[PDB]
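Based on the sequences and whatever the hints tell you, model everything.
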Amino acid sequence: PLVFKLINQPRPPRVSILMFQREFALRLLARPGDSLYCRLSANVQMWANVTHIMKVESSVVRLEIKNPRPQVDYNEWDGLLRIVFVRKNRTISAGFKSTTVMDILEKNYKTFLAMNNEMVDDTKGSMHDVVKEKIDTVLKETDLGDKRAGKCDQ
Amino acid sequence: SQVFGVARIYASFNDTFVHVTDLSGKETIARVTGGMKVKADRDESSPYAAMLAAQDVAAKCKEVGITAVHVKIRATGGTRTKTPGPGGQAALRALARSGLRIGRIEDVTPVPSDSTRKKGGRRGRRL
Amino acid sequence: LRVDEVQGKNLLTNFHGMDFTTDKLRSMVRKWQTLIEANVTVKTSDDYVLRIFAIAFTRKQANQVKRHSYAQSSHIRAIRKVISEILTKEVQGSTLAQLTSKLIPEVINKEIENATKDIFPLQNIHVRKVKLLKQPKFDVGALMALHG
Amino acid sequence: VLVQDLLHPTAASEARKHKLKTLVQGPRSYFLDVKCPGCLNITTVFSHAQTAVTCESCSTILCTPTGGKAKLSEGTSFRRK
Amino acid sequence: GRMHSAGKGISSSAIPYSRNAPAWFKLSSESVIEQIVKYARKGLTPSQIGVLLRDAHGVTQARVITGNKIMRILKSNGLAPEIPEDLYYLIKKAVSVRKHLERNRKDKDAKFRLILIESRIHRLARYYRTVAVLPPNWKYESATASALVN
Amino acid sequence: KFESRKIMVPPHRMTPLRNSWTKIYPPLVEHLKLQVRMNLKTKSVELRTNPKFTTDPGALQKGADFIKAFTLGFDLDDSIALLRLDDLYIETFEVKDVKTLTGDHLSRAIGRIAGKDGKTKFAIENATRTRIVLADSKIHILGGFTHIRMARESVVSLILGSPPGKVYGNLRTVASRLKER
RNA sequence: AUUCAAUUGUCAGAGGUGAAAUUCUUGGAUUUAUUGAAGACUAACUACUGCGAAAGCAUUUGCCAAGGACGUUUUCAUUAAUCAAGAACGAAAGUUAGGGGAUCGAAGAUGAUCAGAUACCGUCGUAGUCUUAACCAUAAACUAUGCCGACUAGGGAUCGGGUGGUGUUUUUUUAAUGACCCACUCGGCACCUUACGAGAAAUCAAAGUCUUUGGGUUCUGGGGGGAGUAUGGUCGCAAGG
RNA sequence: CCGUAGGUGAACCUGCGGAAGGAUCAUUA
Ligand SMILES: [Mg+2]
Ligand SMILES: [Mg+2]
Ligand SMILES: [Mg+2]
Ligand SMILES: [Mg+2]
Ligand SMILES: [Mg+2]
Ligand SMILES: [Mg+2]
Ligand SMILES: [Zn+2]
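Chains as they are written, first to last, in the deposited numbering: chain y, 136 to 191, 203 to 300; chain O, 11 to 137; chain B, 86 to 233; chain b, 2 to 82; chain N, 2 to 151; chain h, 93 to 273.
No lab work stands behind these hints, which were simulated from the structure alone. We treat Cβ as the ideally placed atom computed from N, Cα and C, and that holds for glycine. You may find that some hints are simply not true.
What the hints assert, rightly or not - Chain h is nowhere near these chain B residues, computed Cβ spacing over 10 Å in every case:
#, residue
1, 130
2, 133
3, 156
4, 157
5, 160
6, 171
7, 174
8, 200
9, 204
10, 211
As the list claims (entries may be wrong) - Some chain b residues close to chain N (C-beta under 7 Å, calculated; not the full set):
#, residue
11, 20
12, 25
13, 26
14, 28
15, 36
16, 45
17, 47
18, 50
19, 54
20, 59
21, 60
To be verified - Ranges between beta-carbon positions, derived for each pair:
#, chain 1, residue 1, chain 2, residue 2, range
22, O, 49, B, 153, 54 to 60 Å
23, O, 135, h, 268, 45 to 51 Å
24, N, 101, y, 269, 39 to 45 Å
25, B, 202, b, 74, 25 to 31 Å
26, B, 177, y, 240, 49 to 55 Å
27, N, 148, b, 72, 41 to 47 Å
28, N, 105, O, 82, 46 to 52 Å
29, y, 270, B, 223, 40 to 46 Å
30, h, 178, B, 177, 25 to 31 Å
Rendered as structure tokens:
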């Protein structure tokens, strides 16, 4: 949350000079194929352009918030990168049907279909449907699921 | 002749319960905690609090008129320890000291056949 | 003992189960003998469903030199077969009043003692603990006959 | 025990040891000539007879295999060799 | 010794010193070999002819009261089996444990014992092929082993 | 107005019972004024009172506590300290309750609480006003709460596998501000 | 036993603690009593011990095949011993896809605190822990001691089998056995004394039979790092081997 | 300490399974 305080504020400043710990500065500058790669790497790498100057152990790092902010909702992206970054070494299909992840996700889906009014069937996922298998269908539909969290891009 | 009560002493590391009713657990008669008798938090399970609490239970049993009493004592049981702590022993000393008649002293601690995992992990739990 | 019926501030009470005190079991288990547990699932003549747990052991004889008296596993299986047969025929040949009337003078473990003396010397035999499992359709006159 | 006869041991201590550890290896078995009284005939039975040897006329089990030695029938006579 | 194991047990038949016939024995050699052949028409394997010969008839060993072993006077009559006894019993034991492991596919100990039994069958097949009392084109397969048993 | 309590005699301690029973019973019978009856066959001791005795109801509980003390390995000088004082109580605890140990781990934990010639046991009786008896899997400490509480901290240091030198340092630290106050 | 649910009684706490603090309690918490459901687990009996090639294996009963040891006046007659290549198994944690998910619980969310005796502490807790199908092939996988064979010490034991007793007990009327005792006997788990002998010593019935140096055979090491690193190969979805 | 996994870390902690390469006193048969 050290960079979260300067990623979403109103009236973003010109520059940002600051000293942090060096390993978080490695997390903001981590390549996607690394074990040092994390969620906050993606958070800076499409919300806050960042590079390392003035190595002090501590590190100085420089941040700039992109004033044409790309239209990505932070809540859903933050939640999905959290639930695929906590299970970093695991895959993505079986990790969602966890115990209580598989309550809160279809709570988010039922609020997501509250303005859509989609009919929830009696088929609903334990054999072939939305709590269990349509999640697998829509991760098959995109670039995720089999490619792990240390390989997927933005 | 007399009327016997059914007594329970529950001895944790951090309090004591002196809790008694009549036969078959019908309706609870006297009910004390370690926290209500000494307001110091370091002395919740003190033997002083145990004897004063059991003395107040004995006063409750005397004003309802029960003279004899049957007692069983226990720890938490299960994954934690089996025999009661010394707060229970001081409670026994207090209830015998109170002049109330005692009927039977046993140890109904809930003992597992085969327990589950305790709340410490591999390394250990106490300090 | 379980309470069932009211007779003017006086209460009828029925049989529910038997147990020992736990300190009896704590003293009672020896570190140098073999413990036998035998269990049988029981339906009774008076339509109760019951569970009987009997415990048997291994003695020192009067001539022993051995500091431990263990038993082989086929011996243990034979004694467990014998305890299951004695308990099964004993509870089938009787009803609840005769079960209580044979619990008090220790007739059952005497039958164990002289019926297992051909297999192994056995000591400190008692049924430890009595469970009711199924209660039938509720009667009235049989319970006052038990009271009478 | 610096010196003792390994050629002529004392015969009390010689058959006292194992079957195979003697100076010449000998069996510790014998043969039993058994007489059941019902038919009166000589039957030569091994002392460690490992099968249910019946009599040739009556169906009487002369010996049952019980581990080492075969136990003979009750009320039945036997002789050595 | 005691291969495919770790035991060191010695438990075996001793043999008496006397290479001649015992004095208390009163039966003739032609009588005992006709006894052997009438036990042979019942189809028993030569260990059981020896055992029932030892127990009910009191014969010391086969090699002393006639000059031959048991299959010398069994292929003299030509009733010898086409495969030897112990190798046939190893096939029977192998197909029995193969029946058990096709029943139960999670028994690892039965699988490892199958490997040990198969090694013993390979070694005895090598030895009996070497002396050529077994044809040299004989190879084990498990299905043909089940065919030879059944 | 009689009262009798029933208590169990261990087999491991019935031979010092018949050895030092002549030193056991006359101090309590004279000074504490009770009645004792044996049952040597059924491992039971009858501690009984009578209206012909003195009216003291708590010393019957105390006498059952002396025989409960003697049940668990305890000598007679701690029975004299239990005669004279009231703050002194008894405890059991298990080796498996701190840490799951098995076999030689259990043996090394018993060796750690025992020590070379019982010297860490000596260091924990003298510096804390406690008294130590080791069972096969049970630890037994007598005394008052300020005493036995720092005995708890020491023994759950030691049975966790902490070295006895850190036990000695923490032991003399807690003994130092024990005798300081 | 634990957790949760239902019913029951009663009143200011319960929880956790070097200490406090969070958590949830008039809809009565902890606790008491009557039941139910879930999944793990097989305590005390448990060592002076058992089995398995090893990892490992503790409820009862039935079935399925397997194994050691012993007995054997059975059977075969060298069919043997050790092992590159190759193959089977391989604790925990990990990986895929299912079922279950009670307890515990790395991540995370939370509180703290107050001192340099100090953060171990708490409460939710996802993964997992459990099972099925398939992978993975590492450990302080330890007896830190290759496997087979012979010799060089006894004795107190014990486990499994066998032999013998005008031995004991168990009675019914004497047996039979079953259990116990004695003298052995093989074959295991171990102990205690030595020293003939070894070693640098600790110590050792093997770590002896080795300068008086040869029973057969498999693998590994050549001062310490660089470094299990670089690179190549190989297997694996990957972590990695 | 070892093996595995994870948060990290200026160090280091924690989950599961192993080892002592870690110190048996007293008591009794
Ligand atoms: Mg071999
Ligand atoms: Mg040999
Ligand atoms: Mg190789
Ligand atoms: Mg290795
Ligand atoms: Mg080098
Ligand atoms: Mg070293
Ligand atoms: Zn006949």
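Tested hints:
Residue 130 (chain B), annotated as away from the interface, keeps every beta carbon of chain h farther than 10 Å; the closest lies near 35 Å. Once the 10 Å rule is applied to beta carbons, residue 133 (chain B) is consistent with being away from chain h; the minimum gap is 33 Å. Residue 156 (chain B), annotated as away from the interface, keeps every beta carbon of chain h farther than 10 Å; the closest lies near 21 Å. Here residue 157 (chain B) stays apart from chain h, with its beta-carbon at least about 25 Å from theirs, past the 10 Å limit.
Residue-level check passed: residue 160 (chain B) sits 25 Å from the nearest beta carbon of chain h, beyond 10 Å. The Cβ of residue 171 (chain B) sits about 26 Å from the closest Cβ of chain h, beyond the 10 Å cut-off, so the non-interface label holds. A cut-off of 10 Å between C-beta atoms confirms that residue 174 (chain B) is not in contact with chain h; the least separation is 31 Å. Listed as a non-interface residue, residue 200 (chain B) keeps its Cβ farther than 10 Å from every Cβ of chain h; the least gap is roughly 26 Å.
Separation of residue 204 (chain B) from chain h is adequate, the least Cβ-Cβ distance of about 26 Å exceeding the 10 Å criterion. Every CB of chain h lies more than 10 Å from the CB of residue 211 (chain B), the least distance being 14 Å, so the non-interface label holds. For the restraint placing residue 20 (chain b) at the interface with chain N, the shortest Cβ-Cβ distance is roughly 5 Å, inside the 7 Å limit, so the hint holds. A distance limit of 7 Å between C-beta atoms decides the matter here; for residue 25 (chain b) the minimum to chain N is near 6 Å, and the interface restraint holds.
With a least beta-carbon distance of about 5 Å to chain N, the hint placing residue 26 (chain b) at the interface is held under the 7 Å criterion. At its closest, the beta carbon of residue 28 (chain b) sits 5 Å from a beta carbon of chain N; the interface hint therefore holds under the 7 Å criterion. Because the beta carbon of residue 36 (chain b) sits about 14 Å from the nearest beta carbon in chain N, more than 7 Å, this interface hint is broken. With its C-beta approaching chain N no nearer than about 3 Å, residue 45 (chain b) sits inside the 7 Å limit, and its interface hint holds.
Because the beta carbon of residue 47 (chain b) sits about 5 Å from the nearest beta carbon in chain N, less than 7 Å, this interface hint is met. The interface hint given for residue 50 (chain b) is met, as the beta carbon of that residue sits about 4 Å from the closest beta carbon of chain N, less than 7 Å. For residue 54 (chain b), the interface hint holds, since its Cβ comes within 7 Å of a Cβ in chain N; the closest pair sits about 5 Å apart. Among the interface hints, the one on residue 59 (chain b) is violated; its C-beta lies about 14 Å from the nearest C-beta in chain N, farther than the 7 Å criterion.
The interface hint given for residue 60 (chain b) is broken, as the beta carbon of that residue sits about 14 Å from the closest beta carbon of chain N, more than 7 Å. At roughly 57 Å, the beta-carbon separation of residue 49 (chain O) and residue 153 (chain B) lies within the given 54 to 60 Å, and the hint holds. Between residue 135 (chain O) and residue 268 (chain h) the beta carbons are some 27 Å apart, a value that contradicts the proposed interval 45 to 51 Å. Our hint of 39 to 45 Å for residue 101 (chain N) and residue 269 (chain y) holds, since their Cβ atoms are close to 43 Å apart.
Take residue 202 (chain B) and residue 74 (chain b): their Cβ atoms lie about 27 Å apart, and the range 25 to 31 Å holds. In this structure the supplied range 49 to 55 Å holds for residue 177 (chain B) paired with residue 240 (chain y), their Cβ-Cβ distance being about 53 Å. The hinted window of 41 to 47 Å between residue 148 (chain N) and residue 72 (chain b) holds, with their beta carbons roughly 43 Å apart. For the hinted restraint 46 to 52 Å between residue 105 (chain N) and residue 82 (chain O), the CB-CB distance of approximately 50 Å keeps it satisfied.
Residue 270 (chain y) and residue 223 (chain B) have their C-beta atoms about 45 Å apart, which keeps the hinted 40 to 46 Å range intact. Distance hint for residue 178 (chain h) and residue 177 (chain B): a CB-CB separation of about 58 Å, inconsistent with the stated range 25 to 31 Å.
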